[PDB]
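This document starts with one chain, in the form deposited in one PDB entry, laid out as structure tokens.
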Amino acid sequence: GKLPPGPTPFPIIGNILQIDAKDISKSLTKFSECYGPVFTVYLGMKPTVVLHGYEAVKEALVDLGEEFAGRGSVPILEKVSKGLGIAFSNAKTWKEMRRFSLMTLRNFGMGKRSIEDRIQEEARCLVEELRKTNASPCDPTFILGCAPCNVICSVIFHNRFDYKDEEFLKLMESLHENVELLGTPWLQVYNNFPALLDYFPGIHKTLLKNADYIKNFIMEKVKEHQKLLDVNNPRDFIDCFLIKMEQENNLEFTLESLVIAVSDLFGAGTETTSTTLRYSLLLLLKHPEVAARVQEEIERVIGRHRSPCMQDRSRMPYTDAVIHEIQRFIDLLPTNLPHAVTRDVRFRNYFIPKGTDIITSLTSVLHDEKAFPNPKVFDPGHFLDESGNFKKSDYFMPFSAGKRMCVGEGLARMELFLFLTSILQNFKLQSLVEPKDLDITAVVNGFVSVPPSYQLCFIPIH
């Protein structure tokens, strides 16, 4: 049946001159207007079928789930991850790592001390670190990145760290630097451009270094976890993992397999959560009435005394619509993470051969013009009915959908709820600039939309 149409394949180096590296998503849309929902693009002689719009995206990711459940190959990760872990693994190895991870990352999947409990504990430490800024102007980047990294640590090693902890610092930096240096609009760039490896050998050297620091950091906590292991009472990810390695015969589960899975979790759950939080505060600065209506709902449903908790979310339709609207507005991963077909598939009246790269435009869904009238305008009303009640949307897909859908989806959502309610409970946000002169436009560095730099003061309220 042949591959889908698209910007006529220029011999050798594909469509680079036709793409805007600064906003690749904007180009996929400029192409959908002229070729429809499903089209093909070239980076080299390697094709990439783009799925644009909810219909094409849901059909592929959902209805044709296992057919698209593959991950595109990346040389730098193939070296570091060795085809293991969760994010870039495939088939058997992936199937097993993902299911174990979904089972272990449930709110009450690692003992009596739940995930919510670990998040609440962290949200308390967060408020303190903000209070230590003495209400003086500051850039929240550093501390809004410490909190999510700590949530992950407690979930994995059953232990959090101090923001002044030397080791923890090197780790956050290593995790940031690696996403910052690897940051590119399309991840397949690396596999479609080998000469890039010869022009800049140092890039990969730094990546491997950080990757190995991250590995050793994780490996150390693992060796000492083995000694204190209680087979009947697993307190974290490692513990459950170390137990799966015993009386259960699985060669897929080894110490190395664990280290790589934990790196993936850190890598996938730190920067994304952090950036969303940074972007959250910024949007609350840009739209202070929203920040005030959240504070109103917080005072009314939680009060000024106790720490917020997940039960509150159901009773806080407005705050929830705010969190949904932030995730939807920022479009954290415009083009999702790259997929690939696992078998030859007939996508409608097209033919897609096993291994072909796939790219789903989440921006097309999240910003659907009909599902969200005025999709480029930030408005909590998108997730609120006429009675002020929370209103779900099939188009709310910031975490993707299908067999590959984010695995830390619950843990991230709990983080955004607890952290944002706790901050607006104890603080008022003050900007040096007035709202109309504040830039909120995203600069898509890599596969992650990052918010412009900014400072503010956290004014304690009591």
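Between two forms, the rigid core is the largest collection of C-alphas that superpose within 1.5 Å. Positions refer to the first chain, counted from 1. First, how it differs from the form deposited in another entry.
Only 75, out of 288, 373, 75, 355, shows a C-alpha shift of 2 Å or more between the two forms on alignment of the rigid core.
Once you line up the core between the two forms, the Cα of residue 390 ends up 2 Å or more from where it was. If you fit the rigid core between the two forms, you'll see the Cα of residue 250 move by 2 angstroms or more.
Residue 452: CA moves less than 2 Å between the two forms after rigid-core fitting.
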Given for the second form:
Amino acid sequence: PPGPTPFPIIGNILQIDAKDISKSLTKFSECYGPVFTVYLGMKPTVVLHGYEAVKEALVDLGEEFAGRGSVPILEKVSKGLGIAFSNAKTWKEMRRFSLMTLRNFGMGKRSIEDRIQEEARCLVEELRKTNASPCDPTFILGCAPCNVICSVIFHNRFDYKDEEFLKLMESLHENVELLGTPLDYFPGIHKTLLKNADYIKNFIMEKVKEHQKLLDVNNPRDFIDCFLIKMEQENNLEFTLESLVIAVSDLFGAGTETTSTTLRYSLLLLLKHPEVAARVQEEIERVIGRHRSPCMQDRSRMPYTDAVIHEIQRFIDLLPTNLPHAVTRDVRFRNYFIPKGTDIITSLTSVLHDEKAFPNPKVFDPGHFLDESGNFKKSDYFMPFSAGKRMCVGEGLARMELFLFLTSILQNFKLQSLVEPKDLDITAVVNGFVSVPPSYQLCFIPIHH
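Can you now output the form deposited in another entry? The one shown was the form deposited in one PDB entry.
Left out here are the partners and the other molecules; the chain alone remains.
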């Protein structure tokens, strides 16, 4: 028997879930407990809520709870290959290969950090071209992250004004947005995807082809180059010109959106609480010049700044319910039993906002990550990157982008709102998975002695 449940109806249990599913998955947990199941239609999907329930599942029964379960995305000659979504047959392989080559130095001498650093300069510059006038960071803030992945996968980066680039983005974004929350053709919704999916798929392949005309003696300089030089276990293996693309897509897609909506969310919080921004800057001037740009090395000597970036991820809870998971056979979780194929969804919000781990969890306070003896890190219910064997793949470089980008914008800029802090909304709306911040405008005022 599966975990208890909010009694279905026939063709649904959507009976009681809002536009904040995580808000009611917790109403449910308040009864059925840490493990209950609901019916997102006709199929059962058990929910893991306590922190213990989540770690235990995701960490302890690792291979047991390592699935997903979905279909659309695999529509236009889109085989179930790639990194996010799909069968271990291509997962385990395309994942492994991804985790390794996406290591800071998994692509020759030009580390991913150097790459994050280059974009960071470009970000600060173009933020400058803002001439200190009101502005909506939503654009440029999504530019930096798209280019970082552009940089670690093609080796090139694009101009924030470059048509083809803006087009690449137009696509990645519409698709993710037209795909929300965990014979239904509306269906204009479907032809657009195909369109967009197609543009992405091309853009990528165009680079894959030109990337073929030039590589080295194990001197690959980026993802593609690394993949390409994978003619092992005969000509192709799992490596295949099409499986490739699907990965570069999931990397772009998952990699571009999340990071951007966080940087955009970070500034709002710093505008919302400028004392934090001031102390981050104290810390910046104090350990990093006013001159040189930041490098990852600095982070270890900057507890407060790190406490903040940490607190921002915990507080914004970008993915209340992360990506859908699905067990791979049978599993007797606690006194229960879940059958092969069941959909699992883990309430990360529930861990990220645990009140014993992070006192007033609903309060933005870098304190949640500092010790009452000078600033100094801490942490453990810190699972915004999930925690399974399906944990984020970009985690590493994502953590950099945040620290490097953020830190460098605050090194070079004073952030001024257009409305008293006691008057701007920082409440999230939840576009499906992702929690997106409100809309705000701001001026990036240059600093210089």
